[PDB]
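For reference, the chains in residue letters:
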Amino acid sequence: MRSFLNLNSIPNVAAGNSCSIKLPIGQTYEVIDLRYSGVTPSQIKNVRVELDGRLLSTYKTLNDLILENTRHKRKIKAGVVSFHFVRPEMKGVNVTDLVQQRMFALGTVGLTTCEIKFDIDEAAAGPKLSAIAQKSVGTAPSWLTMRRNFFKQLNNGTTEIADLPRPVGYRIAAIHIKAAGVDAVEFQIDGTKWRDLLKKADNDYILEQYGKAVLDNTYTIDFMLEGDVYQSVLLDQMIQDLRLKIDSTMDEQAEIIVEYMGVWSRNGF
Amino acid sequence: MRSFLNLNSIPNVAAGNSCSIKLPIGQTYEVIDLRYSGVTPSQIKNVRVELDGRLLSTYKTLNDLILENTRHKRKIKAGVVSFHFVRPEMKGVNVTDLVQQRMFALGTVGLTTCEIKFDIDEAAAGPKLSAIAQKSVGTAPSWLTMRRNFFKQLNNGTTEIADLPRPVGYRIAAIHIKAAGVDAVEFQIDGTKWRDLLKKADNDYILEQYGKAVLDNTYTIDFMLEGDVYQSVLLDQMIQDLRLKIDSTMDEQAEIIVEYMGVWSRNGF
Amino acid sequence: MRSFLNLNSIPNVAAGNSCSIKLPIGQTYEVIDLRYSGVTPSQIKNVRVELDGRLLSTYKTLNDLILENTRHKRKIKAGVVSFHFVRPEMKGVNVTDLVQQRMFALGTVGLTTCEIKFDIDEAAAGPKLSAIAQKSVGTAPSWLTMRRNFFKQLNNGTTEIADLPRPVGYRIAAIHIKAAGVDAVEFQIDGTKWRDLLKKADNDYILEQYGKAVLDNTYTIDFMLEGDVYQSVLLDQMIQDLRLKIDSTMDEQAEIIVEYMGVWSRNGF
Amino acid sequence: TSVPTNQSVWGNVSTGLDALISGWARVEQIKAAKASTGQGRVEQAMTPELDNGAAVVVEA
Amino acid sequence: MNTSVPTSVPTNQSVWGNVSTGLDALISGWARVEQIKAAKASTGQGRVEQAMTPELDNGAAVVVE
Amino acid sequence: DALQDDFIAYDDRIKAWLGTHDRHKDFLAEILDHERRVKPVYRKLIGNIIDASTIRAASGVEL
Ligand SMILES: [Ca+2]
Ligand SMILES: [Ca+2]
Ligand SMILES: [Ca+2]
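Residue numbers (this note's numbering), protein chains in the order written: chain A, 37 to 305; chain B, 37 to 305; chain C, 37 to 305; chain D, 306 to 365; chain E, 5 to 69; chain F, 4 to 66.
By construction, these hints were calculated from the structure, which means they are not laboratory data. A hint or two may mislead.
[Said to hold, decoys possible] List of simulated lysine-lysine pairs, DSS-like, C-alpha gap at most 27 angstroms:
(1) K236(A) / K336(D)
(2) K58(B) / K229(C)
(3) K58(C) / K235(A)
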């Protein structure tokens, strides 16, 4: 049996303020529903999910969480944005789908602090935020999704990005290139071309082919289209080159979103 | 291999008549498609599913079966209403999804009588009813869904309902509060608040979050949102208090629908 | 990890030409995305999937592949048509859904030639065709879907078709009767009526009930509505009669599509 | 100090990570076992969530 | 076709703390603990023992070898 | 296959590979050989025995 709780009131919710959603340790957080009003998702900046003071996932703005859910075609409602720790799209290969989905839940056992920090923009009309938690029996943090932010400049022609962090033992579920002039992209590991120079229209067709929604000004490289976690990129230590070849038509700075995965560690990624 | 059969003609289908769909014993009924015309679903009153003369499930009107299917976002077609014994939304935890869904099928082995009784309203224009059965190999009644009806007066303020039947060994998949002025509800068992006083808007958001459709003038407490049968309320013999705290804005009569579950017994619930 | 490749250019793509998509042997083809322009799907005739020179699946026109995907409610996009070897609708009974779906992938190991032949109509405006492959680790051809074409005369009244090929050990996933005047159909094996004389409206309701789309001028007999491969017709070497009783209202020649299934054999069906 | 250097392995195959994944699959079955019984639900009822807790970490 | 995995009852121990004690016998027991507190109250050594006991929210520890 | 001496030394170093110990173990293998000895010496005796030599041949006959 799951428990639906109305989280404690968020302290000091005001424009230009730096607030935090301190989660009580002990149980597992499958989903966290954040209700907002008097402020836009884009006005909720620097969203960070921290476990024991260490960064887990980061969102430039709350709007990126809305887009993250939209991509998987999850239920979107105005005035509310959810933090889906449990991945509903997961499919089991040697275990049930339910087990594969719940494995991403935010367990808090052994944790000292679980927080969701963010800053309220100064222009916020009259910010009002509350949260509801869909919890289950306690478990260790364990397997978690680690959304990381990276900013790289793009040229008009070809741009190569090979300096992406490769935490050993971790995996890469997907890579999102946020740019308005990306025509085609190619992904390779150690010379091996896992993703040919696919045109945007072709890449976007495959995405939609798997029930995903194409995000505006974004080139998504989904490594878990089938929902199989073992299809994701395994950051094996012996890997010598993890490269991305981007064919752009504009000279701009792109925001590269990398969805990492791995067993959460006190001293890990 | 399944068998699709055109059930025998329904005897005496006329306005103001009391008809019955007598099902032949021997096999398993996964789904029963009831075609209707010259009558409205609301004109088909007191729908009772009886096994060996005992009541299994009850519907005030056929319209409640239409709403039951609509809630799960099942295919709805005008002129036809189906009895989904097999629950398509079920997900397996230690077994396959298919096994978890088919486990609810209406097995008839060992039964003496299997009937679907109902009364045709007098205002019925020109009632015409036929049925089709989607069957499979015979099995005992076994695990079945037992829809029960309850009527309780709801006040403007706070009302508490703790006298709901607690058949030992049985489970509760969901509870539907049919009232027009329900603002928030709270569910608890033995003091433990499994469902905080959740506002309708918040409760309805979680429901939709799991692919469910919100029913008009209804507050649904779904204990199987994930499709996992083990998330439902297990009516343990030791439970001392099963309470519901309803915050209404109107003084009215609510129809409380309780979806029970358990292994069918000739002398059980 | 899967590999998305831009297949080699299709040789001699012109109106009235006979082209072929020669697939490199070694890996497994889960899906093949065929992009087309300057030609209609109906202008791409006699589509044949050949393994070692032998016929596996056949499509009168590329439009039949579009309808095949539409029926399962797969993502349809103008200018592109995919060959879904892996069946996304598959559900596991004693194995995971993923295993049951991927089991249909087009493995090429041990093969000498893998081709997708077709003829470009003479009326083609300015045909332009390219292909992309979603591949995975190599496997033998193994379990494959074998779409077969049959033409039979339907009468206005009742027609019976009992001369359908019954390859031993193979299965039948579905049968599609392409005719404009089919009212009802009945399916039986050895006298046993597995599908009663179901009216089109009733048959089509069950189809939609399982997330399928009804095709125009087609009576589909889906034996895998639940996604369970074990629900399909097992062509037992002991079946004496496999009959189809069609109640038509027109006198026309129907195109009977039979989706066979079985482990591909160099000297088999 | 310790380090690895130069190895060989089968292509596109499940590694030791999938050996852990089975452990996560096993722990789900352990939770499902508690879910089936009402005695498992009552064991979970003695779980409070607060901002503070005892932490321990050391090599051995 | 498929081979089903086992579903069974594992290590689940429900320990119901069945406390049965006579209300009058408790009233004396609660009265006896008051006398024990009174014994500590009479002596200054009893006062000094209670000064070493505060309350905190939690603990913590870290190390490496 | 790699011999006991090479195996025992490489097995002692549980992990890693540095210096000459790594280089020798990384580029290690078995061995074969080829040389002139009994066959060539016996053939030379046949040539010495056939000195100044006598003609022996085949190809003719009733066929
Ligand atoms: Ca986790
Ligand atoms: Ca049953
Ligand atoms: Ca195959």
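To see whether the hints hold, each was checked on the structure:
1. For the proposed pair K236(A) and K336(D), the alpha carbon gap of about 43 angstroms is over 27 angstroms, so the pair is violated.
2. Pair hint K58(B) plus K229(C) holds up; C-alpha atoms about 21 angstroms apart against a cutoff of 27 angstroms.
3. Distance restraint check for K58(C) and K235(A): the Cα-Cα separation of roughly 22 angstroms lies within the 27 angstroms cut-off, and the hinted pair is therefore satisfied.
The structure does not agree with numbered hint 1 stated previously, though it agrees with all others.
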